[PDB]
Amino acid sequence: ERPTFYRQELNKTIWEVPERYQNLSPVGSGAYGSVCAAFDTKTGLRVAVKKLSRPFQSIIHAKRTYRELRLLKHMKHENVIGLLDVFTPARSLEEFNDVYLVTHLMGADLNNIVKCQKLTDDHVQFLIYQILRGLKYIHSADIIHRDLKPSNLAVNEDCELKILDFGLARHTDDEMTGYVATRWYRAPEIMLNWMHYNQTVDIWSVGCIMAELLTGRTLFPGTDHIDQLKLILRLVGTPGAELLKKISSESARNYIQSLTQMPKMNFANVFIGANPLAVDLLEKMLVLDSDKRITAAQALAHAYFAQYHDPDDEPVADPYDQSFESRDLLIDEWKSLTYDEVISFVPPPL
């Protein structure tokens, strides 16, 4: 039974939503993308409604739309954004072009918190703890996120954190899409081992995010790929002989060998006056060699989080099963698969 919809132009975009969702208001004046705060009169909840941007604009984006909806429907964890509702104004597959997702309103993202002049170390402890708690869960499902960054972490007024945006997430595999992550948070093996990174790229991003929380500044704000690589090497040091041999790009190896030799910095001399345990965790997160990087599960046991760590309150997931995602499909197949997932969504009990 299709609800009554109504239509409204919001910042040069036509939103069409069920009448239960009232007083749509773009968060931050529309600077955070296509997300509106609303009041759900059916539940009395304050919700955030995301209108997916151009979900079927290409084969790649259609695929990403399907993966994100499937993952969001599969996952159930306090530090991962959860679906209250999923809808489309379309009355049939034939006119299906728009997807809307609904969750609890959170009210800020980590970019706001980075600017907070009253941020304490305990706050950093609690925020990074929750990112890692969500990441332990995600990785245990054999999901890889691939786009962690401050704007993809929502924080509510109780400093409860949820990972947003699974648009680039997928089931992990030996070979995956090459150009992923946002540049300032992109792990170096994404550039050095084209299409053959693994879940530790997400730990790199968390390291970059923690550093930004501690200092108030982007850790590696590169303006291009060469710039980005050099900014990283200035901190973690240029690779030695045994590590070069794991770099699959001969052009990258050749370029790196042309640079001045750089040692690993003492992070205690970068993050001045930070908790020594925070510096220690950062040293274990921001390591060039992917195989020596700390895991999410290991990081939750780090002494930095002793106030919050509870090994029986850090659950793992049921592993995610990749239904139709292993082949190259046309947009119309991705649309039909996504339509079926919209029509079959069952809202959680209140």
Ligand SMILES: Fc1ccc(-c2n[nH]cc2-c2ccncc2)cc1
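Residue numbers count along the first chain shown, from 1. Rigid core here is just the name for the largest C-alpha set that superposes within 1.5 Å across the two forms. Compared with the form deposited with the ligand bound:
- Once the two forms are fitted on their rigid core, between these two forms the CA displacement reaches 2 Å or more only for 270 among 83, 270, 124, 110.
- In the core-superposed comparison between these two forms, residue 308 has its Cα shifted by less than 2 Å.
- After superposition on the rigid core, the Cα atom of residue 323 is displaced by 2 Å or more between these two forms.
- After superposing the rigid core, the C-alpha of residue 32 moves by 2 Å or more between these two forms.
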Contents of the next structure:
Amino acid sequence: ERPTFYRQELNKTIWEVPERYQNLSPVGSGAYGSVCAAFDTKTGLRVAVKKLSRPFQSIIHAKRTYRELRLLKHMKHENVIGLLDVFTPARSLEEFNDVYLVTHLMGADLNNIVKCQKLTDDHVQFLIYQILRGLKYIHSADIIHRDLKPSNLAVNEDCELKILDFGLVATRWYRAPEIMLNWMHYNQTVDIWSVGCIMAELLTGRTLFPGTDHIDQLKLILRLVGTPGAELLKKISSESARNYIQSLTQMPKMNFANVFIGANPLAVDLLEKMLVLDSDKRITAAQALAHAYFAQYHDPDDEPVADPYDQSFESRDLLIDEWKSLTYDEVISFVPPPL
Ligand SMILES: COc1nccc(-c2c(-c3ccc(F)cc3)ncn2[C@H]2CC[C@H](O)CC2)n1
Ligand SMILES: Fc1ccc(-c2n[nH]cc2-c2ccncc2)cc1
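Instead of the form deposited without the ligand shown above, give the structure for the form deposited with the ligand bound, please.
The complete assembly is shown below, putting the previous chain first.
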């Protein structure tokens, strides 16, 4: 029981897929893979098919490939990209060198939405609500996204949103200041900082912190939220990070009600809770969902958490063939979701 595959070359890339997937149309490419829109004749669904690029090029690529497949197989939530299918044209482990991932076609990203004029407060509520609902789920599996940005948020014509964990403008614009300072013990609230930046941008139509580099990025952040107070400075072990931060002209926290004047005061209150410099004081996804700003969407009985997620593989140092074999086992054990 193996489907019939057919091959085709699209934009320099060869695609070998099952006959069920028709009318492949390139959507975009990147360092880690390329994506085509297609029509799935078995389900009647429009899908996006991602072909991984050089999945076993090195130990790093091989572990990344396994990581992505494991993550995607685990994510089962309406606001997180999951898998409809995964396949390989390879007939055996020995000749296994290509991995294809299939999900529901979304068709646009959040950047396309903010670009095409500004949104109503109701749209901001709905979009951010969905991000947080997806994040609550991801975070409950002890996963940190780490690179939330508009381009990693897929959105369909119904304004339904799904978080893309990977990852085929600048990432740094949405990155938590503790990451810009290279803190190795950052927590899940790095993602809340990013949601704060995204929400600000949806409300104003402008990138909140458009830094030109890591130093400029930190400078832009501190100008809005103020330079660190005593409680936060005490948590910084890095002497250079402290010499830098403390050698900057001291700056107060700006009045958010003034900076985002015109916005819904509930949105401004939430933003202030997300864009707190000290990650230990930043609101969590679960807490954010209960915020008054989302009263028309919040339902505690329908904001589910994830099943336990085993990431013990992350601490493993294996050979390429071992990561390849594990990935292969995960391709073969895949059971599609019910139609
Ligand atoms: C184009 O429609 C669509 N829908 C769902 C996922 C993906 C996807 C995926 C993707 C991820 C997993 C998968 F199984 C299938 C596709 N990776 C990146 N994207 C998009 C590509 C365009 C870009 O603007 C936004 C990310 N694409
Ligand atoms: F300027 C800044 C900006 C952000 C931070 C910060 N927020 N949460 C944790 C930290 C942090 C940064 C560096 N080292 C430990 C902790 C600290 C100083």
